[PDB]
Amino acid sequence: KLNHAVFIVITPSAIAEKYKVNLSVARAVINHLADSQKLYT
Amino acid sequence: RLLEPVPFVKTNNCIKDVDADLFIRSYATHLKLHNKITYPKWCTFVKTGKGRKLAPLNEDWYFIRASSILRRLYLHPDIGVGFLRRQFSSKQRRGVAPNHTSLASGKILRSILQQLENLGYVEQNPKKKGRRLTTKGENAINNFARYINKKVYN
Amino acid sequence: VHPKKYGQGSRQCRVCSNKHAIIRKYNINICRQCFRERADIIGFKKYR
Amino acid sequence: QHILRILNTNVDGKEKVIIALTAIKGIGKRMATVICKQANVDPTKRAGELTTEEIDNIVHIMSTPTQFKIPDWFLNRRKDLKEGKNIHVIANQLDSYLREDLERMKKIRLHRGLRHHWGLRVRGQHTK
Amino acid sequence: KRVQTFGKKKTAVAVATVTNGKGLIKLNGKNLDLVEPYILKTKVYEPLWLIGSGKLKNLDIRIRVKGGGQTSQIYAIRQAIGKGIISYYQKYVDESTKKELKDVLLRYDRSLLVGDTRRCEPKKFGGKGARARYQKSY
Amino acid sequence: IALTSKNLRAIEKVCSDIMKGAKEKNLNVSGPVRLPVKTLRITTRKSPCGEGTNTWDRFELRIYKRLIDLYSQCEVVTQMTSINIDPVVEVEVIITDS
Amino acid sequence: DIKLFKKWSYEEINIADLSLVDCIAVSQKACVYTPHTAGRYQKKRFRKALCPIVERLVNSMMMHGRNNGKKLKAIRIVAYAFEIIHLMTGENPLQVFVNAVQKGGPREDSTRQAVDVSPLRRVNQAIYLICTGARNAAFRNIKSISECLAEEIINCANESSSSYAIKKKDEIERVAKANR
RNA sequence: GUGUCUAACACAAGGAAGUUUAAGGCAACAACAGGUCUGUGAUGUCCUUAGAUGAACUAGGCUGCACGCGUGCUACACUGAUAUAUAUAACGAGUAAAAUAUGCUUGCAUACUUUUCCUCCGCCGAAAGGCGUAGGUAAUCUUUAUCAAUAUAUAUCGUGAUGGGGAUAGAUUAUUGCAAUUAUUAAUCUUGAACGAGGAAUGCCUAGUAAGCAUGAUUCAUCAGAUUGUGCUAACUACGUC
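Chains as they are written, first to last, in the deposited numbering: chain 2, 35 to 42, 58 to 84, 97 to 102; chain Y, 15 to 168; chain T, 7 to 54; chain S, 12 to 139; chain M, 6 to 143; chain N, 21 to 118; chain I, 7 to 118, 128 to 195.
These are calculated hints, taken from the structure and not from any lab test. One should not assume that every hint holds.
With a straight-line Cα cutoff of 16 Å, these simulated EDC-like cross-link-like pairs (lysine to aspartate or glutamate) come out [as the list claims (entries may be wrong)]:
id, chain 1, residue 1, chain 2, residue 2
1, 2, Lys35, S, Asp91
2, M, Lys129, N, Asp77
3, I, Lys13, Y, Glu18
4, M, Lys35, Y, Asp31
5, T, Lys51, N, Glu80
Taking the hints into account, I'd like the entire structure generated from these sequences.
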């Protein structure tokens, strides 16, 4: 809908909801934070 | 995920102790670092099998595939090119019609097989079918296996 | 005449010469309608 | 700024560069993948932050395959009929040329031409 | 020396070779670690907990696998390990310890003591399944 | 010596006969080796005109192969073979021994 | 003693309907160190009771079209779902799951009249309702099936009317009451 | 325990298994004016039988297409597609043309030698495919202590007919055959339709089943979306009632 742009608990769907973004953008935020499926615990 | 505690003893020196993907990527990266392997040229353009249609989308895939073949070599001693084509097989979507099995591209396999042989890691004998491993290559695989085994352990 | 060496006219049921329903499995060359008469004398027996 | 448009006024920009290019022509995606590689751009990047020069290079590669390592078996419009070879017509020119081919077939008379004129399937719809 | 058993679910057969040893567990040419699916990893780790380390530590286990897919093969391996552990304690150690061990294994489950009873039913003409039939129509 | 038949009882009868036959000249035999059964399977539709429910029946011609072998001179085994034969079974002699 | 995935203690009890406690995997021999053992669970009338409830939950998750035969994946979905529940509240997810199954079971149902409901059937229906609700939530939406299952379980455990299982149970009971 | 406490049944325990253990095969009496004379030198009668309704040979036709109803396949996505990696299966099945040398008038004649069904392996080919050879009468060689695909593991998309979907079409080089031109079949690149999980109706199914996922065999010179087998991945729900 409008949940997709480039510029401004661990799990990608929540991040995608919270900032209103794609799951690819969520994963990139997860990767920046860190600095199939995955273990967030 | 990467490492779990277990009670039993293990061999600790072979591919039969190793995470295949980690080993395959590491050796491929090592080989590219060394620069013994070449893509080469035309192989940047090609497709990997009609069951895919596409290609691996990674740019270092040939080295990865070469390394993956070398692991299959360590498992299966005297294998040849038709065995390789069959090994790398998948399903092919036939359009509206149902799936049937489809080989990987035989030239890339043949090229790797030849290249490894030129770089001395395998030897075709008059005996039996195809290429088996050279000792120097095996000892290197064991050394890389040892590096990984230490790296996880400590 | 003008001969054809392959496809339907190249073969027949050995017993009856008809070109239909021929068992070429194991090189029998008999149509199953003829074969089921003779399968016992040929040595086959059904069990399943 | 960030969602800049693409070839023949198409508004793509948050699409990946491959996905944008495919949304023109090349959506068997092998064509896009090789063009991306010939350009040497990152396929993960988003279309609207390419500069015009990158786009021009891509348009050049798509338009002219001749100076690139692209083999005849890969090519769009592979032999082109007459003794004078032409290759890789693509896009609206391909569509126009194909219309010209159907017209040429019709004038000559070929079964496919005739079926195109009737409005019948070449492979046939089979009874129903 | 050597004691021998096997396990058999569906097609799959896993033969277990239990020799006097030091705590090694193999599956053909490959270490026990290389089962791969996490669920089926636990399934073969299960008997290791049931007999603990110090009763494992004077025996080596080698297992030889033919037939079936992974879930069937792992259950065959698990059954072969169960029977294997018991056979070693019956041939070398003691009957009373074997009975004590078997009690533990029984308390966990029957499937590492007694194999599966399920086997395939043949296809019969008039449908894709064994029993399931092509649609009737009017 | 290899024995092939489609009849169980005839092959087994030959087995007892060859065991006796071997002991007559007190020969050194390796025990009879039963080779994997081959079945000639025909899965046959019932009905000559293909009527009613489709209905298939499965016919089997099951051939049994067995091998019993002997370390003995060439003449002795061929002569033993010629006394031991009956018409129904298929016999092959492969012995070059001494 | 026995802990699920080597993690979850799952020795704690829930009061429930008493009959429901008998049905759920309270027993030691119904407990396992990681899901899946697959005994023969059709054989006798009450035989289904003896099945591990996690084995039943994964089997329900494994249901429907594309999901069929993906038992390991159904195990991964529940394992992921348990992690999510643990994050959302620090409670033991298995205990929460039992609470959701206890909550979800219908007390009465409707017939051509209205009837009480078997405790084994109540568990079977509850798991079915929670998984079907999870699928409905999953299909063509942002939320992963593990998230949906966790979300449904927490809502059902809470006793929220936004739960698909609670809503369906309420409606089923309400129609049964409406007739009788 | 129940049962005339008879024939017998019910539950639990023991047990690899406890209903006749599960699955097949064989299938009465008496019918049907069911189907099959296009399976048959089984066959009555009738037509026809040499400008033959026989034999044989060349095309075209059986897939035609304003359109209607059966049976199947493929989809409608994120528990998914895409790309790598890891694992693996059971039942199988496999031996009179052509080519080359010599003599004659591009052709003919004669001589002589392989292929023939399965192809390992080694070269060349994006690919299809090609070339060179080796073993196979077959528990031996193809090839089966490994010949499948779903599985599963890590990566790429991120709900938008979207990268779902592959209808539809164009341009290729191959393959079988005298002949492929009603796209024969094959791959390569491009082309990117309907379809947002199906209304009234209605099919099959109770334990390794159901469902999904494959694959061998059958026809076959040429071809599986069919049928018939075979396996792996392994459900739900009563467990009965008229």
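Hints, one by one, checked against the model:
1. Of the pairs offered as hints, the one joining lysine 35 (chain 2) and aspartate 91 (chain S) is violated, with about 45 Å between alpha carbons and a cut-off of 16 Å exceeded.
2. At roughly 10 Å between alpha-carbon atoms, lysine 129 (chain M) and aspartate 77 (chain N) fall within 16 Å of each other, so this suggested pair holds.
3. With a CA separation close to 13 Å, the supplied pair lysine 13 (chain I) and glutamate 18 (chain Y) stays within the 16 Å bound.
4. Simply put, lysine 35 (chain M) and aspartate 31 (chain Y) have alpha-carbon atoms about 7 Å apart, close enough for the 16 Å limit, and the pair holds.
5. The straight-line distance between the Cα atoms of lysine 51 (chain T) and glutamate 80 (chain N) is roughly 5 Å, inside the 16 Å bound, and the hint therefore holds.
The earlier numbered hint that this structure contradicts is number 1, and it is the only one.
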